[PDB]
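With these hints in hand, go ahead and build the complete structure from the sequences.
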Amino acid sequence: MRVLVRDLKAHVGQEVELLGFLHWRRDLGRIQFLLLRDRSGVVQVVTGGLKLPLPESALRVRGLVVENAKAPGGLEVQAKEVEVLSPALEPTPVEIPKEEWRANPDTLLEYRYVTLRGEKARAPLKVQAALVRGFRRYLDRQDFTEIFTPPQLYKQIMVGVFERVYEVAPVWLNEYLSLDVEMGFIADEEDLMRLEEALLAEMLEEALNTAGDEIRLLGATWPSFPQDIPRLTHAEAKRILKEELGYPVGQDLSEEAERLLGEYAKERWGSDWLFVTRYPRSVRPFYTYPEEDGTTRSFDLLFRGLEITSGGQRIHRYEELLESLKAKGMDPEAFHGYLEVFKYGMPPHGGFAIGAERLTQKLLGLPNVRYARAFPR
Amino acid sequence: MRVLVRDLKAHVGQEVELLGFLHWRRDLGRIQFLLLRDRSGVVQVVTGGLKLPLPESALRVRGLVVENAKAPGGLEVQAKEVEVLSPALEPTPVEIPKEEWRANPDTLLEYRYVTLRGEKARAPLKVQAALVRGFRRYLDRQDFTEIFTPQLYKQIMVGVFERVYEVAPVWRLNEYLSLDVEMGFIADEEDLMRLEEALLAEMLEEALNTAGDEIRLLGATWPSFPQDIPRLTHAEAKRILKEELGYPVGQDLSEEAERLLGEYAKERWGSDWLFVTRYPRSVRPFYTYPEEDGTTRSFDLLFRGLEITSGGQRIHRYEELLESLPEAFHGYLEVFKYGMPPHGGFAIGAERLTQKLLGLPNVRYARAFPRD
RNA sequence: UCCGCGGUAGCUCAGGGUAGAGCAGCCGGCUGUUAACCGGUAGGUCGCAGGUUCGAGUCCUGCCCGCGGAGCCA
RNA sequence: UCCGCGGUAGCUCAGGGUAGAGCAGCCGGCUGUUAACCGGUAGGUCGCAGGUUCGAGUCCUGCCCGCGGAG
Ligand SMILES: [Mg+2]
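Chain order of the listed sequences is C and D. Numbered by PDB author numbering, the letters in the first sequence go through residues 1 to 150, 179 to 200, 211 to 415 in order. Numbered by PDB author numbering, the letters in the second sequence go through residues 1 to 150, 180 to 201, 211 to 363, 370 to 416 in order.
No wet-lab data here; the hints were simulated from the structure. All residues carry an ideal CB built from backbone N, CA and C; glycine is no exception. Treat the hints with care, since some could be wrong.
As the list claims (entries may be wrong) - Below are the EDC-like pairs computed for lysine to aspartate or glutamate, each with C-alpha atoms no more than 16 Å apart in a straight line: (1) 276/C x 266/C; (2) 381/D x 90/C; (3) 51/C x 67/C; (4) 381/C x 90/D.
What the hints assert, rightly or not - Computed footprint of chain D on chain C, listed as stretches where at least three residues anywhere in the stretch have a Cβ under 8 Å from a Cβ of chain D: (5) 70-82; (6) 106-119; (7) 136-146; (8) 186-198; (9) 228-242; (10) 293-306.
As the list claims (entries may be wrong) - If we take Cβ atoms under 8 Å as the criterion, some of the chain D residues that face chain C in the derived model are: (11) 19; (12) 146; (13) 190; (14) 195; (15) 223; (16) 354; (17) 356.
Written out as structure tokens, the structure reads:
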């Protein structure tokens, strides 16, 4: 029976079998040390004599668990046998154990197919899966049906079918993971924003539970709790940036602007979260539910200065869609295929999407969003 | 506080608020009958006089729950107020309530955006969702890590997490959902075949739990339990098709052959499931683990005569990859220079599994928005 | 296009006269290493193709990749 | 590729001389409908483009599309 590094303290004094990779080796001749990496951690293995493969070789190690303050984690294994399941032919391009430092951020990307093996490298990917797991959990408990489509339209079509649906699919920095929610029979864009506060809360919970070790391994600072998130109207934000930050802003907020509104919110409310509501019709799709004062039932979520979520209520009346197409100078009978479904009693609905990697990145304090993705372009 | 159709019996004699669509209406003058569909089913609503929107209109109904044998499901609502949240402008192309019949197969597909609203139409989709919920739940409990990629990638991720899975769309009917599993540090293909059995079991369990009503609605027949599934080597099955089924088979089993082997399994073992092991190298990808006798550590799962799973062990020795090819795949091989664990995997065709489980006429019924 | 900084060993980087050293590697040595270190030894499209020079990694010309600034963006 | 059935209201199918019927739609009637039905009414690229005929959904030449069938 195999034992994971994370379960060693329970087998202190016992004989154990280990399966992992040769993380790193230090040969002193008479005695030598093995760092053995598995999906749960790394553990020191003591031995001697016998030749060892190059690092990154698949290994089976059978030995005796022992306490030792000298070893990382306070525990080590005295080797009785070291079997090699798969030997490494050459030395790795980069010294994996000596990451993240020791290798420029760019070199790490050129050798993703092996640098990803590092503890800190894989960590974000583990935390992300946790976030997504909690994502589905909550929505499922809330009577959401997961759908599998071939984009904005299909979700909508499915609302007249299941009332509440969600999807986790790739979209086109470049190619990213998008967590899309869409629910029917709502009152207004408020219903959506409330759902997202609860959903995010759950998503973070799941990460904190099933991905604690990784979260601590990265030394990330956990955000304030996603509840009663501050709301600013696009106009209100436009004014603050101007009069208080001396940063002239256009009709649409730039990444640079959102960064500032973030820092602003962190100071006035001590909140790592910020809701920007009521965008102008001009900067939002034609299907966005319009308001009388020239704005729209929309919103963006700024987590730590970065936008991680965009959504709002859609138009559901057939005529009001044409109305919106004309006002935005667009050919109505070019959207004939899209308009069809709205001829048949479409409920008041709306949705939003979360950027998995954006969220992951700003959560773990990663330098670049590309770290939150397994294989960037 | 909204009440779903499935929760009405607990509210008899009380005042409830319903949210759904006008599934159908029967107007008899001073009295009319509404069939109100929501995500949990349809209930009969009684009223009279007032104009009712065309079918398929979004509605809000406040009324009193009442027992009545004449009513479908034994329950009906006497409405005190009928609010219209969104009127339908035109009649639907097809009479949704009168599906599946009453409309040719190819027609339902041409009006998906609305016919999908039928109870039997959406049923498979709800079930496929359950099957996938189970898929993830099990693998999660077994220390698997879910990954999100742009075949090779899954392998690379093995040296990172040892055990990974992914639920992603593929191409190669035209666009289908694939449930891919890949795990390292295995003994042989047996470890994989044993995992798939335990997996399918958990999956069908989840379908039963969370998609029970739909499974009953479609009137499907449940398969035998996926355990100790009969195994049959490619050579062995080849012979059976020939001598006992008089169906000449080439170097590769055609769909027609696979369907006959299914009927065979149901007779000999009374099993809706069947593994086909040991395929000739010639008829399997280069990355497949070769054997001494020309065969390979591969397998195919035949659910009710239809392949729903294909897999086997992969080659993990850098040299043996060129040996089974070379410099064309220079970017692929690179990872195999650095201690690749003995590994393997398989992928499940989500729609295929859902189709054959629910006895659907054709695979496209399991897909929300099929290609053409 | 102009200015500036970058392009040198598997990795990180030094430098008008052999192109050099740490880490990774190889050989030898070493019973407690935490980025072990000691000796020896291998390792190159110095960006590429042409010039000045006895001599070019260094200077000249053109061109290729990258970052920042100026400019351009009727 | 060949062969054989198909293509008519929206849907599903009737048939050498206004192109029709029930389903739903519209108007009118009905307090227990389960695919409610009674009357009235609206609804067309008869596949598309060329021929025979005084007249073609109907026949005959080519093509597009669907289903099915062949070692
Ligand atoms: Mg000029």
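Violations among the numbered hints: 1, 3, 5, 9, 10 and 14
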